[PDB]
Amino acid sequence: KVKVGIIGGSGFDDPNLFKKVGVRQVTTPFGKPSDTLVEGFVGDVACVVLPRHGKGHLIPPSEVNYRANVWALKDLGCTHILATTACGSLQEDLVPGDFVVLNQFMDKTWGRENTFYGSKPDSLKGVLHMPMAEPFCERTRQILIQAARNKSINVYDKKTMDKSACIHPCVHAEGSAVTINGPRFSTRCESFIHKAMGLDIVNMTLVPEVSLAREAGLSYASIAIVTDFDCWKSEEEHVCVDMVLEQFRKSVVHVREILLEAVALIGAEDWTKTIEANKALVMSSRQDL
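In the form deposited without adenine, present the structure of this sequence as a single chain.
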C-alpha cells in the first residue's frame, strides 16, 4: 500500500542503504532526474533511493532538477519521500553532529523551477496555489523522530525540555531552515540577519523539493545533518576538514539507521485517509478549475 522514496543529499551520493536489487533509469515530463535510482526493499516495504546531486556530487543545488526527481518518485508509485540535507547551524544549541527534523522554512531561492503547473508548454496546464503554512507531512515528521528514539538517539524538544537536557548528538524535534540559493555561503552580515529572524539552520536544497512533493500529493519529511563549514577559520585547516569529515561520516551512519527504521515504521501503519487527503489538497488548490 505504501512505498517510500529517499532523496539522499551530501553524504549519500552513492546510496547503499539496503541490499540493492538493481539500478533504474527513468524519464520524466520535466527532464531526467539527477541520476539513476536504486530499487530495493527494507521489510516488505518497497524503497527507492535517489542521490540529489548525482553519484559524483557534480550537480550544484541551484541546478538540481527537483521537478524531475519528485515526479520520478511519484511515477514509480512512491507515497512518501524522506530526504536528507547537510546544513550549517545558526543557533547555539544546534552543534555539528546534531540532526533536525524540520517543520518550517524561509525561502531565499530563485531561478529554480518550483511548480509543476503553469501556462508554458513545459508544465502541466493549470494554476495551482498550494497552502504551505505547515509545509511538511506531520505524521511523517513524527515517524522520523520516533525512529531516532528506537535507535537510542537523543531527542531534544526545546519547547518541553531544559537546555541542560540537550544531550549531543541529538535530534531536534523542531526547526526552521533558511534555504539560500548558493553556490556561495552566506556573509557574516547575512548570517547575523538570519539568526536575528530566529532561523535555526541554513541549507541550499530544501526548496523547491518540499513544495513539489506536496504538489505531487506525497508525504514529505526532511532530516537535516548539522555539520561545520568554517574550517577556513582554524589555523590547521587540513586537520579541521579531516575532523569535520570524520564526524560527518558518523552522522551519515546515524541517519542511515534512522531512515531504515522510518521506512519500517511507515509500512506498519495505514495511510489511506492521509494519502487521500494529500490528493484532495492538490485538487482543491486548482484556481483555474
The other form holds:
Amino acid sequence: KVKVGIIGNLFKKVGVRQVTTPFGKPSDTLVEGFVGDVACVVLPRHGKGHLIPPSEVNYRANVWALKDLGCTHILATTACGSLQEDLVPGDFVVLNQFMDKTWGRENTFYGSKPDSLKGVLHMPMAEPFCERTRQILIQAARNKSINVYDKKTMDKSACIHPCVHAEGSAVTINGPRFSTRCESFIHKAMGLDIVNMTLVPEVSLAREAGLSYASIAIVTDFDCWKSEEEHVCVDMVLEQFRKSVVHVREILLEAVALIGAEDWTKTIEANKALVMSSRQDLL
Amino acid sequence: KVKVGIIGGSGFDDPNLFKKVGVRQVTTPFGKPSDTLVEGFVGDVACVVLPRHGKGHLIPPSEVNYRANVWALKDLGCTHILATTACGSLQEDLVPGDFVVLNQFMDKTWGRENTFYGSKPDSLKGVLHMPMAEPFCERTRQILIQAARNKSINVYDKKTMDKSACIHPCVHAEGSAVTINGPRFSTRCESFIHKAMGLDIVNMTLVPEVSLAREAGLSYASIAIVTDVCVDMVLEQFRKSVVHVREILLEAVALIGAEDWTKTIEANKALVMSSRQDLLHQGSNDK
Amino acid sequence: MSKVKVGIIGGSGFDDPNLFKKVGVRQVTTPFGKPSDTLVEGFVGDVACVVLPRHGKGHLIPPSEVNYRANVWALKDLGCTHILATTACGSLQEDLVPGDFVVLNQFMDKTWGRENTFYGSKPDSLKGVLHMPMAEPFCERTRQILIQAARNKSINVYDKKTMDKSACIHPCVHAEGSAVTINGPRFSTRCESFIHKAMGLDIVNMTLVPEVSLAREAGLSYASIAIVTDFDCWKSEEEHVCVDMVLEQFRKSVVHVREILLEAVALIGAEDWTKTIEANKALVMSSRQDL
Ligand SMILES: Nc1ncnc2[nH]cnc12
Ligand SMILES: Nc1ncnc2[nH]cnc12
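Mind pulling up the form solved in complex with adenine next to the form deposited without adenine we just looked at?
Zooming out: every chain and molecule, the one shown earlier first.
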C-alpha cells in the first residue's frame, strides 16, 4: 500500500506525532491523517511559526522521519521567484531539473563520520524526481480545472494564467538573503526557470531514502531582474503565497488520491534497488 | 548625527587616517573583531577604523569575523561603513591602478557566518530574508564617487560615456565583483568563465561583509583597488592607489557629515524589520 | 638537495595497486590528522616511490571527507618531491570517450566544506596567510612526463592544439583538458551537466580539488591523469552515469594507467629537478602575505 508524506475539510486529521531520527529531530511534529483511504502525513518544513531558515532545516531528519513512518511518496511545495517572462506570480511549476548552489547543509545520509550511516552512496541524479509522481501532480491540476502549460508542445500566446508549468528547472541558493540583480541575470542567462532555497538537498535525500519525490513550486515574485517595483521581498512573497496556497492544497490533495489509485510495487522496488546499486563501498 | 566606520583591507592593515583619540578593545556576541577599533574625528565627524585582516595581516579572507566586525561598529554607534578591497580585473578597461565603486556582486563564498539571525541558540531569533537586488547604500556610493571627483581623480561611467572617456587611472562609477572564497587565486579556466559572465573584478572579502552591514541597518559602500619583471612596478602602483583611496575616504567622511541622514537611517532600520519572515507571518495570523 | 621521490595517490579502481614490491608500510600522523590509509614505500627502478589510496583500503571515505591535507602532508613528510594522481571522471564532450585518459591542465572548482589550505589564523593550521597563484595549476614539466609516458607505452596521444579531429583515435590520452570538480556524493543533474558543458569544461570529477591546490602549497610538483569512465548524463539514458558504469570501465582502463604511472616515475627519475624544486619552494614563500 502507499502512504504520502507532504512537506510544505478534505483531509481527515487523526492526530499529531513527535518522532526522533538517527539524524536529529524533524522541523516539527507531524500531522497524521487520511485522504479517503490513503494514509497521509504533513510536515511543515520551517517549523512552528516559520522560525527555521532554509539553511538550518534538518532535511535528513525530515525525510528520514517520513521514511520511518512508512511513506512511499513525498510531495513537496516551496515558494520561488521566476527568472523567465512566462512564469508569473500565481503560477505553479512541477519541477523536473535543478542546479545546486547550496552549501553547508547535511546532504547525504551516508559517509565516514559517526553521525552518518556507514558507506559511500553515489546516487544518479540525471532526472532527479520521480517521473510518475510528477505526472500525477500535473494530472491533479487538470482534474481541478487549473490550466497546464507545456512549453514543449505549446508556446507563448497559448499560456493561460494561473497555470501549472509542466516542467522547469530551479536554482537553489543557500539563503537567507535574496539574490542580487547581478546573480539574478546570471541565473537567467543559464536558462534556469526559477530560484528557491529549499529544494536541495530535500530532493536528493528523498531518492537516497528510496522514496518517490515530486515538487510543485509556487511562483510568488519575479526575483529581481525586472522593474524596481517588482523586486522580491518578504511581504511580496507572503502576499502572493496567501493567494495561491488554496490552489496548491487542491492539487496536493487530489494527487494523494491519484497516487492511491495505482499500483506502485515495481516503482518502489526500483527506488530501493537504485539505492543498493549506488553503494560504492559494497560494489 | 552620523558616525562613519571604516574597514580597511589590504594596504590598510595599519591605517593612519586620523589622530587616535581612543581605542576600544571589545568583543561581540559573535566573537572577536579582527583587531582593536581606533576612534577619532575627520573634521568634526566621528570616525572608527579597523583593519579587516588585523595588524600584521594574519587573518585570511575566509576566517575574517565579518559578523563581529560589523557588530562592533554598530555597537559603537556607527551609521555608515566605508570599506576598501584590493581586487583583480576581469575586463580590458579595468586596469591596475583604477578603482571601482561597486554596485553589484556574484557570491562564490562558502563556510562563512553570513547572517546574524536564525534558529541556533546563539543567533538572534527570527528568520531574516533581506532584499539584495542593489545591495549597497546608493547615497553612500555616490558620496564615494563625488569624493574622488573632489580629489581630482578621473571618473568613468560606461552608461553615459564612450570608452574614450576611460582615462586611467579612473574610478569606475559602477561595477560587479565576483567574491571567491580563497585563499588561492583563480585558475585561468575560472577567470575566463567569470569574465564571460560579465563580472568586472574578482576579490575575496566583499561577501558577507556587505550583507551583514545591511542586516545591521548600516549604510555600506565599498571602493575596490584594481591591483592586477613587473612585481616592483605593481607594488609601487599599489602604494599610489592606497594614497589615493586614503584621500577618497577622508573626503567621503567629510561629505557624509555635511548632510542629514535621519530618513536614510530610519529606512535602513525599517528594511531589516520588513525582512523578518517570522514576524510578517504573525501580522497576518498565517497558519 | 636534488633527490627525487614520487608519491602516487590512487583513486577509484586503485584501492590496492601493485606498482612495486613493498619495502616499508608507514602508519603516520600529520598536524592535520591521519591520512586515508597507511603509506607504502618502495622503489620503481632506482626511483623511490610512495603509494597512498585516496579513499582508504575499503573505499569507505567519500570524496568530500577525504583528508586531502593529511594525504599531501604525509607524502611531503616522507620526502616526496612529486605527486602523480589518478581520478575517474565523466566526459562532458563528444571527443572524450570512455576508455580515454586526460592529462588535465585546468579546473573549475565547485567543492565546499573541505579543508583546502595548510595556512590560516586558527590553532589547527600553519601560521600565515598564503595566496597561491593557480592560473596554470599543475606542474607543466610533470604533465609532459605523463604525456611522454603514454607515448613510450604505445598509447595514442591526441593534442587538439596541433592535431586534426581525424587524429583523435580511441582509446587515447588527451594532452590537455579542464575538470569541473563537484562536491559529491551525488552525481550531477542533466541541468548541471549541460551548464558545465556550456562553460566549455571537458570532464567532471569529485576529488581533484583541493588535492592539486595543497600539493602546490606544499612545494610539490603535481599532475593528474583522469580516466574517462562515462559520458556523465548529457547523452542518452543508456549512457547516464552510475557507480557500476564507473567501476566497469575503470577495470578495463586501470591496466594502461598503471603502465603510464610506472613509466612516468622512471621518466621523472631520469632528469634533474633542482631548479624546478627550488622554484616550487620559492613560490610558496613569495605567496605569503603576512610576511
Ligand atoms: N526570489 C526568490 N529567491 C529565493 N527564494 C525565493 N522564495 C520566493 N521567492 C524567492
Ligand atoms: N560523471 C561523473 N561525475 C563525477 N565523478 C565521476 N567519476 C566518474 N564519473 C563521474
